[PDB]
Structures are given as C-alpha cells and as structure tokens.
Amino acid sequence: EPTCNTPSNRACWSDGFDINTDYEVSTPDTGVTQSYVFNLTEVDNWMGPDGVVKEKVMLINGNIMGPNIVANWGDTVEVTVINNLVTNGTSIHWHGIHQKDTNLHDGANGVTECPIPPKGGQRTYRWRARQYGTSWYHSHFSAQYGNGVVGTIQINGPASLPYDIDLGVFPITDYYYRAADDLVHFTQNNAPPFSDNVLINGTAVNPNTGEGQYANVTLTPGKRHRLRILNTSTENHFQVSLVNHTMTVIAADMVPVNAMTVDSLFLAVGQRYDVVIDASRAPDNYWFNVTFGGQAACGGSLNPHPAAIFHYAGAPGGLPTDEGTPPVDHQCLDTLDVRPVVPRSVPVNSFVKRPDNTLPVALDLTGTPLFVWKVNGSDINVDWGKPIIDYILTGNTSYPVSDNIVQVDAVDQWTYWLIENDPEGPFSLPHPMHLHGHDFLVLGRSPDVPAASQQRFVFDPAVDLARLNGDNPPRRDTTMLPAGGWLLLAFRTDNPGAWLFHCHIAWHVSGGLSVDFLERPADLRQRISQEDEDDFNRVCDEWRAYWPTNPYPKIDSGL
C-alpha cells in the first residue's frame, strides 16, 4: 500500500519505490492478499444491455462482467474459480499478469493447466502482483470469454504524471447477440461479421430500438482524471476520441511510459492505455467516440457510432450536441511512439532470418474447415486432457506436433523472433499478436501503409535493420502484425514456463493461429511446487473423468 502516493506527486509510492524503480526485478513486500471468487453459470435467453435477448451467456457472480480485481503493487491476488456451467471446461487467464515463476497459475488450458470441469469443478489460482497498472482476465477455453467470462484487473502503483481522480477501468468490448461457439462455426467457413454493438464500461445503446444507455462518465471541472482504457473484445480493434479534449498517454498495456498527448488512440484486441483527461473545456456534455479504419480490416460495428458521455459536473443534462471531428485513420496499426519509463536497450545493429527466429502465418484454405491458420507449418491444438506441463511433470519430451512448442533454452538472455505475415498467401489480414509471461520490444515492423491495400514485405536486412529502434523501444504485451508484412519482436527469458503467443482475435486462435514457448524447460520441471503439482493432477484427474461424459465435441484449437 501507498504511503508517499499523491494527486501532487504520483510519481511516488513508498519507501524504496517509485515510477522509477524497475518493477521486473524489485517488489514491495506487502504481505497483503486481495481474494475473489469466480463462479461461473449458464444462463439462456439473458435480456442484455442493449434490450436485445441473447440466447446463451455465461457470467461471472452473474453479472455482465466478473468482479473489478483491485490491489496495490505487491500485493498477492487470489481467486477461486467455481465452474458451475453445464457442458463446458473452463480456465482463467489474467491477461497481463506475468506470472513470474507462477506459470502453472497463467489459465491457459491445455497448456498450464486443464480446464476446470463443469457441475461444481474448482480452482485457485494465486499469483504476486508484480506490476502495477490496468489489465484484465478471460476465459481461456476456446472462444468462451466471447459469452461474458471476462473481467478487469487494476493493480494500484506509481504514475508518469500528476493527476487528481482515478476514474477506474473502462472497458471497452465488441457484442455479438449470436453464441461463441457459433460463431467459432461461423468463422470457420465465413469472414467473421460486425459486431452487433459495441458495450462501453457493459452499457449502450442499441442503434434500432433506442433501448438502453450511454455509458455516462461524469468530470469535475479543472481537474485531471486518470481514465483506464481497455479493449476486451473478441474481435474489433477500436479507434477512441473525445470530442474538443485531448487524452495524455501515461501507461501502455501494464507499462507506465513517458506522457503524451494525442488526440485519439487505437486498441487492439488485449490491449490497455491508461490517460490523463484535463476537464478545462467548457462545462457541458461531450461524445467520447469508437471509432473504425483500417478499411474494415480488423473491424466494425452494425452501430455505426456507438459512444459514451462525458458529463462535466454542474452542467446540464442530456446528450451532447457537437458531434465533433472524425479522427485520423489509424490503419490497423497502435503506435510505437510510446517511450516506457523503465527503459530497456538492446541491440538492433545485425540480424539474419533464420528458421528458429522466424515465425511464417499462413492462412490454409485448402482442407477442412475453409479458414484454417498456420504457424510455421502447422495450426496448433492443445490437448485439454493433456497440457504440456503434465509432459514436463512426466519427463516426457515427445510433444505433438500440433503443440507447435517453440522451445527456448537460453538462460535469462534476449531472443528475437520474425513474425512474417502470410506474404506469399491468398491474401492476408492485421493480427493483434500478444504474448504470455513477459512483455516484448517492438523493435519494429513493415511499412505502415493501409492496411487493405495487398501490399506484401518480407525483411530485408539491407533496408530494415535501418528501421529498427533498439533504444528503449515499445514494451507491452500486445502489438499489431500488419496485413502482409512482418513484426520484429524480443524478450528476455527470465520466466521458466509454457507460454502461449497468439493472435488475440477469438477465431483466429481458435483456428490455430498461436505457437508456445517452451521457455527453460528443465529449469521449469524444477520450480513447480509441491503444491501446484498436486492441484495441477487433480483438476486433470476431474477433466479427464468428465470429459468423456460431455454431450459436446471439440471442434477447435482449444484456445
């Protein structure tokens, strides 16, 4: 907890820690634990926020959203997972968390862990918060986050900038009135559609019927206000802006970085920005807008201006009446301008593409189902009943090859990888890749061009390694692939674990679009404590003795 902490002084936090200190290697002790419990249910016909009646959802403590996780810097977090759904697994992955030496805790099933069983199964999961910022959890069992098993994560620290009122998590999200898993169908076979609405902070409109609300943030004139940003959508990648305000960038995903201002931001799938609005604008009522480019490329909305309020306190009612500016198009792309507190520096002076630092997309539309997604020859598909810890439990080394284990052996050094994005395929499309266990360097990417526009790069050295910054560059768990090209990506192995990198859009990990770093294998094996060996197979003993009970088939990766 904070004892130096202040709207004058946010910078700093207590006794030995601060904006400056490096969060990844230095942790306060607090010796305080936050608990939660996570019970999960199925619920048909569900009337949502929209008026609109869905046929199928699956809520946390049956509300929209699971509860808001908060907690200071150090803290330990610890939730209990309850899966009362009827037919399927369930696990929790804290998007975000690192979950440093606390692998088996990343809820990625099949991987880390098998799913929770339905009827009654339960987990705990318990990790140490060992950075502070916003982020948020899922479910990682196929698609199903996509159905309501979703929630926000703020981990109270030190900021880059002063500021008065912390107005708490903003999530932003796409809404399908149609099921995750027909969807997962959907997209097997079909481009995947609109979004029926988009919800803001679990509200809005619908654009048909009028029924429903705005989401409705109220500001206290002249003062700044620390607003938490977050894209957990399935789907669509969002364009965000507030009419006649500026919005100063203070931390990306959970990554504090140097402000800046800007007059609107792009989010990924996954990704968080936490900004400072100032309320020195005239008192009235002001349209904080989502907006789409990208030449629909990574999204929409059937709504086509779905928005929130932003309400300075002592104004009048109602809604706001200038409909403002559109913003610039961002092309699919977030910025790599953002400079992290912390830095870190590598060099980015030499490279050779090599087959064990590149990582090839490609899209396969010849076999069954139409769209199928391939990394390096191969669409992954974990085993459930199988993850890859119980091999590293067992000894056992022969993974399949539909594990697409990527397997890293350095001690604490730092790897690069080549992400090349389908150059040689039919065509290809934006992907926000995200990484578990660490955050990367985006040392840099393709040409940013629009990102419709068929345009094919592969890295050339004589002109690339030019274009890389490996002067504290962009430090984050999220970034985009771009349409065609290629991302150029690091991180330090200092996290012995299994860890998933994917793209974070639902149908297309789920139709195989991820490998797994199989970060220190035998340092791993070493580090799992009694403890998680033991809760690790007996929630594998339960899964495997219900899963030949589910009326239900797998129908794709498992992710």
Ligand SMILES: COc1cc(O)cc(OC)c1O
Contents of the next structure:
2 protein chains.
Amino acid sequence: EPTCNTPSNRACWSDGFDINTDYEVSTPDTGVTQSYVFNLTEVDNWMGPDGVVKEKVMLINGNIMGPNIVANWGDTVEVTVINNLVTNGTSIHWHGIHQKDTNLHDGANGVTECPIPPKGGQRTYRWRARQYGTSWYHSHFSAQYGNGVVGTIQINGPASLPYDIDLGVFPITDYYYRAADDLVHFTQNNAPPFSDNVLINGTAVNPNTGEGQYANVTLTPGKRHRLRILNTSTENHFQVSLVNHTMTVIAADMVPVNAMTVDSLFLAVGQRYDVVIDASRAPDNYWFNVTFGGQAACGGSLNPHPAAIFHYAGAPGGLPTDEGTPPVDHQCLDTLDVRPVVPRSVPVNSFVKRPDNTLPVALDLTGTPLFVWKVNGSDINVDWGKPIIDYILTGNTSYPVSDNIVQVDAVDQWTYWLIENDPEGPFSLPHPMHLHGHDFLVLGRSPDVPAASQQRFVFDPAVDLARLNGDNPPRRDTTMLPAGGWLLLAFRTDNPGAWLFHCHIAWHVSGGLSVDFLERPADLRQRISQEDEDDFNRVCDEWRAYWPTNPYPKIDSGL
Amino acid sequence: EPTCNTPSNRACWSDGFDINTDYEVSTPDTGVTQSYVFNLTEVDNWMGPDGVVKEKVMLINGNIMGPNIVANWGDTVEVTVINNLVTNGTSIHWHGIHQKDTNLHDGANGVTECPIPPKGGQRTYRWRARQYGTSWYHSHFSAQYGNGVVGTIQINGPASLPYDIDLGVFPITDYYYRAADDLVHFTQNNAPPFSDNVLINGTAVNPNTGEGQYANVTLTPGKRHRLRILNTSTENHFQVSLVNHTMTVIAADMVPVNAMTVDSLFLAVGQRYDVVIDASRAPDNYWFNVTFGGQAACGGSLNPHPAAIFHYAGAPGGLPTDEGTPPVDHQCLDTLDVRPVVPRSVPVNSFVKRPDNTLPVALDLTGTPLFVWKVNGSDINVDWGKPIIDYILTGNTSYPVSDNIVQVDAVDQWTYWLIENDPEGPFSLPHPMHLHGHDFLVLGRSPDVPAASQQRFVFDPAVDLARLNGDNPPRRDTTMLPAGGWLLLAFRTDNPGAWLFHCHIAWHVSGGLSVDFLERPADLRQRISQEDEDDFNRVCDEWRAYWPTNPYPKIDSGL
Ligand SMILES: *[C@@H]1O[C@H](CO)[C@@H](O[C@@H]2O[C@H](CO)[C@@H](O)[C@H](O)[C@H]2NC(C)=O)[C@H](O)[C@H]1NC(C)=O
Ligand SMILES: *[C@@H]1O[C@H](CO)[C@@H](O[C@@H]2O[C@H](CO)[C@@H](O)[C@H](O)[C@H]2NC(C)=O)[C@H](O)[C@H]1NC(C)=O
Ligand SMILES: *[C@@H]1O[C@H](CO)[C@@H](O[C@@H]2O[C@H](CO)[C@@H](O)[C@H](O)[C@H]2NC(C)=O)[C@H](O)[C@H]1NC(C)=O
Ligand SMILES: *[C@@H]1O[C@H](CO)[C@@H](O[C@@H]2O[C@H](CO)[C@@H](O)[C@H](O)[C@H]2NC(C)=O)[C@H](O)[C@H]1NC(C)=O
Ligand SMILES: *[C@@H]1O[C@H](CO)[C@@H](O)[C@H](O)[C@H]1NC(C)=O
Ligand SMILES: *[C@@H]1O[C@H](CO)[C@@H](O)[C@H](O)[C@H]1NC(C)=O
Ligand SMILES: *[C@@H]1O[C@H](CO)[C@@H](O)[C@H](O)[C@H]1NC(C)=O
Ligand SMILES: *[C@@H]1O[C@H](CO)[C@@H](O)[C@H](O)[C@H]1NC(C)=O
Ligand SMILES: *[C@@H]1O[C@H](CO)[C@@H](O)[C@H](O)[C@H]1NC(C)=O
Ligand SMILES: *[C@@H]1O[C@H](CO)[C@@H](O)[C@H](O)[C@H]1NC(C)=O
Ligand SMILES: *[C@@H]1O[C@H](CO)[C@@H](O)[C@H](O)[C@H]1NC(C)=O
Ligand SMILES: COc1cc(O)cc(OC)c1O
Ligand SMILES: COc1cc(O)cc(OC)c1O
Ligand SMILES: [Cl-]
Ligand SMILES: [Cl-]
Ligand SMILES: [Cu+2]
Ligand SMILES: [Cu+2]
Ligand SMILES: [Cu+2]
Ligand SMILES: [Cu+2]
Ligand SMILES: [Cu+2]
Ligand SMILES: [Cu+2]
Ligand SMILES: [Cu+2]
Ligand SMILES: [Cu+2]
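Switching conditions: you have the form solved without 2,6-dimethoxybenzene-1,4-diol (KIB), so give me the form deposited with 2,6-dimethoxybenzene-1,4-diol (KIB) bound.
Whole complex next, starting from this chain.
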C-alpha cells in the first residue's frame, strides 16, 4: 500500500520506500496477498478477435489472456493453477519475477517442477513482489503460451516521472491461425512464418475481411499517461510509435530508468517498456503503429499495418487520417541508451574469453530435424518427469548433457557471460536472450549493423574492452544477441536455484536454444522448504503417473 | 549506319528501319564488321578503385572491364578472345544477344563450346547485331566473371523518345574483395555476403577510408540525356534513383518499350534499363543512389550508400548536398508495367500445368555441400570436355541427367513455362531468371508480397488465368521469380539451339540453378556450318588435352 505516491509525486511510495530505494535489497512489508486461480481449458474451432476461427486454443478462465494481476510492491501473489486441458502438461512462468529464494515457484517445467497434469491437476504458486513495474506470465510447457496460456503482471510502485493516469497494461502479440504444436513441427524444418496478425491489447482488424476492431485508447487531453506496453509474441519483434507524439520511457522490463523521450521503440519478445505520453497535441485520433525493421530478421506480419487508435477525449470518432511517418529501422536491436534509476557498476577492463565464461550458439543443420539450436554444443532437452529440482533434492549431481547445466558456485559474486552468435555458421539470426531468476547488465555487444548483413564478429579485447559499459549499463531481463555476433552479459549470483537462460523465440528454445544456470546448488537444497519440497513430489508423482497414458510424444526440448 | 536518326526524331533510323520495325524479323544490311580482341590475364595483389587490394583478378586487356563494344543495328561484331590466364578456361557469353542461328557463338561452356584453354588459348566469336540497345558480355566459366571477365555492349539504333545526348553506358556491380572461386566455395555452405562495395561506371568511394572517387556524369543543362544503366553483378540486385529527378524508361534489356516515367527503378543481376533524364532542374550536383529493398532477400552491400554525382555543366564542384528520400521498396521485383514498342500477343485465356511445362526449382540441403540448387529433381552440371554440341554433332542423343536437357522440338511455336520457386521447401529467395537465345514474354507471376514474408503460392487456374497478360507483356531476357512463388513466361521456338535457362546469381547457377533448352535439335545440326563445326572441335581438342594438366578441381556446375 502507498501513502505519498500521487499524480504530482510518483517517485515517493511509502515511508522509507521510493524510486531511489534499492528494490533488490529492500522490500515493503504490506502483509497483503493477492490471490488468483488459473483454470485452463482447450477450445476447438474458436472464433478469434479478427473473425478467423482457429483449430484449437488453450485458454485461462475462457478469455484470450489470463487475469491481469495487480499487487503493490511488498505484497505476495498466490495463484492456484488448475489444468483442465485434455492432454497437456502446464507450468506458469512469471517473467520478470526474480523468484528471490523461491526458485520452486518459477514454472520452468523440467527445471524447477514437473508440469501439473491435464484433466484437473492443480498447484499453488506463491511469490513476493520485490520488484514493481510491468511483466507477465505464460506456459513454459514447450510452446503452449502460443495457444493462449498467458497474461500480464502490474505490481504498482514508484515511477521515475510524475504522471496523471496509468492506462494499465497494453500487451502486444504476434497472432497465428495454426496452433502452437503445428507451428513447432513446422519450424523444425522450415523458416518461421510471418504472424497472421498482431493483436494489440487483445484485438486487431483482419486486413482481408475487415472484421474485428482496433485497440481504442482514450487520452484525457493535456494529461500525461503511463501506458505499459509489452511484447508477448512467440516470435515477432516489434517496433512501435504514436503518430505525432513522443513516448518517454520510464522503465524497461521491470527496472525503472531515467526519463528517456523517443519517437519509437523496439521491443523484443518478452521485453516491456513503460512510458508516459503527454496528450498535448491537437484533439484528434492518432494511429498507434506497430512496424518492423532489421530486414525481417526478427519477424513480421501478413497484416501490413497492425495498428491501434488513440483518441482524445472530446474529439470526433472514427479513424485517424494522418498515416504518419515510418520510424527509424531499429534493426532487431534494443536500445542500450536506458540508464537504471538505481545504479550498478562493475569493472569492464580485466576481461578474458575462456570456455567457462562463454556460451557459443550454433544452428546445427546436419541432423534431424533440419533446424536444431545448440548452446555450447548441445540442444537443450529437459526431463519433464525429473526436473533438475529432484536431482538437487535426491542429491544426484550427474546432470544429463541434455540439461545444459552451467554451474555457478560463487556466492553473491558478479559473473560475466559471453554469448556467441554462430559467428561460424551458414547464417546467424537475431535472438531475444532472456534470463530467469535475475536481471543482467548489458555490458556490451558487437557493432550495430543491419541485421541481415551476414557480417560476423568475434569478441576481441584489444578493440572490444573499449566498447564495454560498466557504469550504470542497461539492466533488464531480456536483450538482443546480434545477428552473427556477440553479447557480453553480467549477473550477481544473489539467488540460489536452477535458472534458465534462453532465447525467447518460442520456435528457438523449442529447438534447443537454452542453458540452465545451476546457481549455487548446495545453498539451494537448504533454502527449499518442506512445503515446496513436498508439493514438488506430489505434482511430480502425479505427472509421472499421468505421462505414459498420454497419446502424443514430446517432440522438442520441453520448453 | 543511320541516315535519319537525329535528336529531334530518334524513332527513325534509315531507309526502311525505324522504331516500329520488328528487329526480330528484319535487320539492316550494312556490310560493316566491328572487330575486337579480349586478351584475358591473371593479376595478383591488384589495387582496386576503392583503394583496396584484391588477392586476384581476371581482366580483359588489363582493365577493370573489357572493351565497351559499340556498333550499329545490322553490323557484325567479331571478337577474338585470347585466354592468357594461368589455370582457367574461359568462354565469353554475349548476354541479351539472341545469336540467331549462331548458337555455337553464345559462349556457354559445357553447352555451346568447350572452354578456351588457358596460357594463350584462342577463339573468335562472330554474331550479327539483329537487336539494338544495351546489354553486356561476361564469362560463363563457372563464376569467373566475378573476377573481372566482364564488359558491356551498345548496338546503336532508333529509340522510343527523342534525346539530345547519349551518355552511353553506366554499368552497376556488386564488388567483393574476395575472389570468385573462394566466394563460390563459401556460398556452398553459407549465406552469400553483402558486397564490400558497389562500383558505378567502374568506381566507388570506400566508405571506411574515403579513398577512390565517385562516378561523375556531366549534364548539359536543359538537355535530354540517355543513360544506359546496367546491372552487371554476380548477386546484388539494385534499386536506383536520381535525387530531385525522374527517369523515363525507353528500353528494358534489349527491348525498347513505350516511354514510362518513374521515380526509381529495380535492376536484377543481368537487367538493363535505358532511360531519359531531362536536366531541367536547378544547376547543381545530385546524388545518383543505389539503394536496396526486399529485405535483403536479393542483395546488400556494406557500403551503406553507394552513390554517383550527376553534375550540371556550369554549376560548381564538390559533393551533392541534398541527400534526398529513399525510393520505394521494390521487394526484389522487376516492374511488369513495361510495354514493348513492337508488340506480341499470345493467348492467356487457357493454361494447364504438366510435367512437361513445369520447372520446379528446389534448394536441397540434404547433401554435400549444404547449398545445392535443383531444377526438376536435378542440379545442373555440364562437362567442359563434352558440350551438348558435341552430342548434336556426334548424333549422340543420350544426354546425361546433369545437363538438365529440355527438348523443345516444335518449329517456330510459342511454348509456356511455369517456373516454381520451391513452394514446399524450407525457405525461398528471389531469383533472376535469365533465358539464353531469346527474349521471353512475362505472362505473369505469383502475386507481389514482401520478399521475406515466407508466403508460398502454387499456380491456380481458378484464380490465376485472370492475372496473366497476353496483350503486349514485358518482353526481356531477365525477370524475377518470386520468393516461395511462381513465374509464367513464353518464347517462340524461332532459334534451333542449346540455350541455358538459369538464375543469374553466380552462386546459384554455380550451385545448380539452370536448365538447358535443346531447342529444335534436328534443325540445329543442319545449320552448324563447316567452319563452326571444325572450330568447335579444335578448341575442344585443346581443352580436352589441357584439362588433365589442370592443377585445380572443377568444384561447381561448370557454369
Ligand atoms: C498438447 O496439446 C495438443 C493437443 O491437441 C497436441 O498437439 C497435437 O499433436 C498431435 C500429436 O502429435 C498432432 O497430430 C496434432 O496435429 C496436434 N494438434 C494441434 C491442434 O496442435 C500436442 O501433441 C500436445 N503435447 C503433449 C505431449 O501433450
Ligand atoms: C498506422 O496504421 C494505419 C491504419 O492501419 C496505417 O494506415 C494505412 O496506410 C496504408 C499505407 O499507405 C493505407 O493504404 C491504408 O489505407 C491505411 N489504413 C488506414 C485505415 O488509414 C498507417 O499507415 C500506419 N502508419 C505507419 C507509419 O505505418
Ligand atoms: C580458376 O582460377 C583460379 C586461379 O587461382 C583457381 O582458384 C583457386 O582454386 C584453388 C583450388 O581450389 C584454391 O586453392 C585457390 O585459393 C583459388 N584461388 C582463388 C583466388 O580463387 C580455380 O581453381 C581455377 N579453376 C579451374 C577450374 O581451373
Ligand atoms: C544517396 O547517396 C549519398 C551518397 O553517399 C547518401 O548520402 C549521405 O552521404 C553523405 C555524404 O554526403 C553522408 O553524410 C550521409 O551519412 C549519407 N546520407 C544519409 C545519412 O542518409 C544518401 O543518403 C543517399 N540518399 C538517398 C537518396 O536515399
Ligand atoms: C474450470 O472451469 C470450468 C468451466 O469450463 C468449470 O466447470 C470448473 O469447475 C473449473 N475448474 C475449477 C476447479 O475451478
Ligand atoms: C474510442 O473510444 C472513445 C471513448 O469512449 C470514443 O470517443 C471513440 O468513438 C472510439 N473511437 C474509435 C477508435 O473507433
Ligand atoms: C562448454 O563446454 C566445454 C567443453 O566441453 C566446457 O569445458 C566449457 O566450460 C563449457 N562452457 C560453458 C559456458 O558452459
Ligand atoms: C596479351 O597481353 C599481353 C600483356 O598482357 C601482351 O604481351 C600480349 O602480347 C597480348 N597477347 C596477345 C596474343 O594479344
Ligand atoms: C564511363 O566511364 C568512362 C571512362 O571509361 C567515361 O568516359 C564516361 O563518360 C563514363 N560514363 C558516364 C555516364 O559518366
Ligand atoms: C565532376 O565533373 C564536372 C565536369 O567536369 C566538374 O564540374 C565537377 O567538379 C566534378 N566533380 C567532382 C566531385 O569530381
Ligand atoms: C520434369 O521431370 C520429369 C521426369 O520426371 C519429366 O516428365 C518432365 O518433362 C520434366 N519437366 C520439364 C519441363 O523438364
Ligand atoms: C527470421 O527467422 C528465421 C529465418 C530462417 O531462415 C530460419 C530460422 O530458423 C531455423 C528463423 O528463425
Ligand atoms: C539472401 O540470399 C540468401 C540467403 C540465405 O540465407 C541463404 C542463401 O543461399 C544461397 C541465399 O542466397
Ligand atoms: Cl525471469
Ligand atoms: Cl542472352
Ligand atoms: Cu517469458
Ligand atoms: Cu522468464
Ligand atoms: Cu532465437
Ligand atoms: Cu523461460
Ligand atoms: Cu549474363
Ligand atoms: Cu545470357
Ligand atoms: Cu538464384
Ligand atoms: Cu547464362
């Protein structure tokens, strides 16, 4: 609960708690729990928001996304997930949510937990709100969030700007007619398709039948407005802009940033950015355009102009008439100009490339299926019925090779990670790289160049040390790995558990694009409570019980 | 020679020849032969126009391009080609030059001749210029033209518009510091690289050092000028545009067309557009920009802004100052609005797909190397030491698979060809499809989408007969095959010959992307002259004899 957060002062929140408070080491005690249930059901022949009937959808409480969770900073959020799907396991991952000492509530099935069984299994997740900002939650069961298992989190708190109205979440998703497993088998041997449409907060028009409707957001004239924009796509990466208006980014993912005003923004998959918009132009209807760039290397759509309408309150109705101007091609690259409100510094001199700090990504085309993704020479392939948490608990330390375990014992230390992008391969792609348990610092990346340019860059200290940023760099949970090049990441081992680090393109992690940071194993066995350990075996026993009866194979990594 | 061709009336040419004559059935008798020699040699460590030193080049008379051939409508062109390369054969193909019953001069090694042996090998081509306009010549000995065995052709004749100055040729080319064979070798297992630079009339600035010079054309203020723009690249497809000026296309490849005024034009490898430009703007310097569109699906260059300077005679020196606006994205597609001055009509109310009219193009990844191109189940591979003409002349009619033979017996009839671009494959790229011996009709294509939009079209009678056009359609020798799509074209069988039909990207034809039209083979043998026969046999003799002493392997189609 806030006591001094007001339109005129958003930086303050409670006594001793504000925009300057280091939220990773200090949280509010509110005593308040927001409770939620997620009841999942498979719908066949469902008539989607643009007119088109889909073969099958996977639906939370029978809507297009689940419940929009809202808690305040300091609260707890508890969610009982009941899986009334026909065949599918599930497991809800809370994206952006650090899980500080609650690794078991992470929802990375095969890693932190077995999936809840179909036809009625259930499980309560509970975690603390030690961050405030905009994130979201979705299935990590192979690519099922692409079927509909997904929604948003708003955990309210201080902002790095005053604003009058919080317009609330504005999520954006690529939207395909073919269901998520059809799409996985399809991308095992074939280039990912253009999305059939892009939904904006649930809705979009069919550029071919005219059915459906635009998102319609009403600005109070002369008021400033927080809008919380997200990319919930399985694959599209997006570029966004508001015709005749600037957007001032006040946070990226769930990390508040100094005010940074811009004409457009790239959001990858899993990215979010909260922004203020000042309704100070002429009363009217303005397009909100979704565009794309980086020469389709990070997706596009058969809808050639996905859009929403921003309508000033008092102005006539109907559609915008200024088409606007195209934004700068952002080239499948996020902006590294953002600067956290709450600093971090680490040194960006000393750097040595060695096998224990380096994650080489490589598309193997010489197997079956054609498109297989490998980190440090192995495609991930978790065991759904034998998560890493059952190894931890039963004391087994011989993790399979499939598991892609990257072991980190150092306690509370900064660790630097070189992620390499198939500099050697036949070709290289944009990958949206995202970390569970943690926000990383984006120390640096290989030169910014058009995405489809085939140029290949190997980290060199002679030239690349000079390019690193150790002084309050971007901190967030999702960033771009450059086409044919390299990302230099750093994270503080401040959270024992098994924490995935993967590309967030549903087809890519599906095909092998993951690691598993085993972060501080022995500490982790101790901080896992009896209620979690016990709930872990129940769900695991039932699943293992469920699994052999299931009429369909596992046909991908599990993630 | 012309007797009435003046700036005010370009349509006339001489007594009985004019812009309306059907140059495919009627030619001037001038009795004039224009003679040329091409003395080809290997130079190692050669400093290119942009200040950068290449490992190896193959040049014609010690320059970056060979003689600029020039002649009147009617004459003969007779070029002795003396091969003073170390290791490689050569065979100079005259591209856009139909070779009316001069098939053994077409310069397709493996098809119409053996390679001219290295170390003083020698052969003289003669063909009649029964077509005026702009085209070009280059090697066909695998990818050798990527090294410098290239140049251009201007057969003077009437035009579709009056103009005061012929600015003469302006060839545009991708420019790669690596040597052709290495590039071949590379693209066998890797996406093709963006060019290191683009040369315009033979020159470019290096955009990393500034060394070199811009191409620089003077305009006589107030005058109408004709520029004969060509795309001579191994790969890049280009978009061009003149800042603050229009261009009127008065010809396409060697087909004049009715005048068509545009803002910018797309040229695929091989293509040519003569245009008219009126220096009617303010006296100044303007950038002529080469840009790319179609989402790098057919091109890119690491020079961000290849440009030349169009300088108005009388205005001052220095660089153009108005940077201008990017042309439209032409999506890797040639324009089909173009109308030949001498029209052809065929029927388009009536088509049926069959094996015998259907070219299925296929990228095959299942083998060695990674990237093999297949048309109708087979990657072409010709035999430099037994050319299909040694078959026609030995009455041997048992052609290997490899040669990708297409027997068209019909005498002087329209034949229809459905070309399919891997609608089933893992992905599909545009291809510049080039027919030897003929100009084709472009009846049509799959409809026009973004080049990387992943869309797959199969020709459909129901839907696609209303998209065809038998009423004077673009006529030309190169046109685009759409990514995942199709193309329908036609030619008359008025030329007994063996005629390659292949994608002009050096890499893809090196890879297998060809067929061979064995056009009216019975007709062919009666028509080879004693001197053509014996000369073909001589060269074949010295090639077959040279070949066992060649130190490198053939690694590619041959072509
Ligand atoms: C989870 O959900 C769907 C249930 O429909 C499964 O997807 C189907 O897989 C079958 C068997 O491989 C295919 O033949 C169907 O085409 C798929 N249909 C759709 C609509 O995707 C998937 O197999 C399931 N995975 C598991 C292990 O339960
Ligand atoms: C914003 O979205 C709008 C509406 O979807 C886009 O407007 C379309 O513009 C195209 C492009 O010329 C027109 O042919 C359509 O008729 C427009 N739709 C409407 C309803 O006006 C708009 O172009 C987007 N603007 C930008 C920069 O992408
Ligand atoms: C054509 O000429 C070039 C002349 O060098 C040959 O190219 C070389 O090929 C060898 C053998 O694979 C390589 O080691 C060299 O690196 C190549 N040099 C360059 C710069 O490309 C090529 O083999 C010749 N081809 C034939 C068929 O004789
Ligand atoms: C056309 O070509 C010029 C040739 O390089 C490009 O213009 C710029 O080059 C100047 C040299 O004057 C540089 O300062 C700029 O960085 C380049 N222009 C920019 C930033 O766009 C030019 O852009 C090309 N323009 C067109 C018409 O698309
Ligand atoms: C899930 O929703 C269904 C409606 O389809 C309802 O019948 C059922 O009781 C719900 N499950 C639970 C335990 O909430
Ligand atoms: C959007 O909603 C507002 C407020 O209720 C209304 O003024 C307007 O009619 C709507 N316009 C659109 C985008 O269709
Ligand atoms: C990559 O695997 C190698 C070789 O097996 C191992 O020595 C190395 O430390 C691994 N690196 C990472 C980053 O896990
Ligand atoms: C070819 O050019 C060379 C120099 O490169 C010259 O020596 C030679 O005489 C010329 N050869 C012929 C046959 O024209
Ligand atoms: C082409 O370059 C040549 C030099 O070989 C020059 O004489 C000519 O005028 C150039 N063409 C144009 C259009 O500038
Ligand atoms: C281009 O040539 C013209 C005509 O000779 C001259 O006026 C102009 O200064 C030249 N410009 C450059 C940059 O070389
Ligand atoms: C394609 O191949 C088949 C042989 O399977 C043949 O029947 C057909 O004539 C071929 N099509 C063309 C145009 O070559
Ligand atoms: C733009 O995205 C892709 C293009 C491709 O060509 C292949 C892929 O996966 C194997 C891709 O993801
Ligand atoms: C843009 O052109 C290509 C892209 C690719 O990714 C592979 C290729 O194989 C030849 C290509 O030609
Ligand atoms: Cl996370
Ligand atoms: Cl030709
Ligand atoms: Cu996520
Ligand atoms: Cu996550
Ligand atoms: Cu990826
Ligand atoms: Cu994840
Ligand atoms: Cu050619
Ligand atoms: Cu040709
Ligand atoms: Cu091709
Ligand atoms: Cu050819």
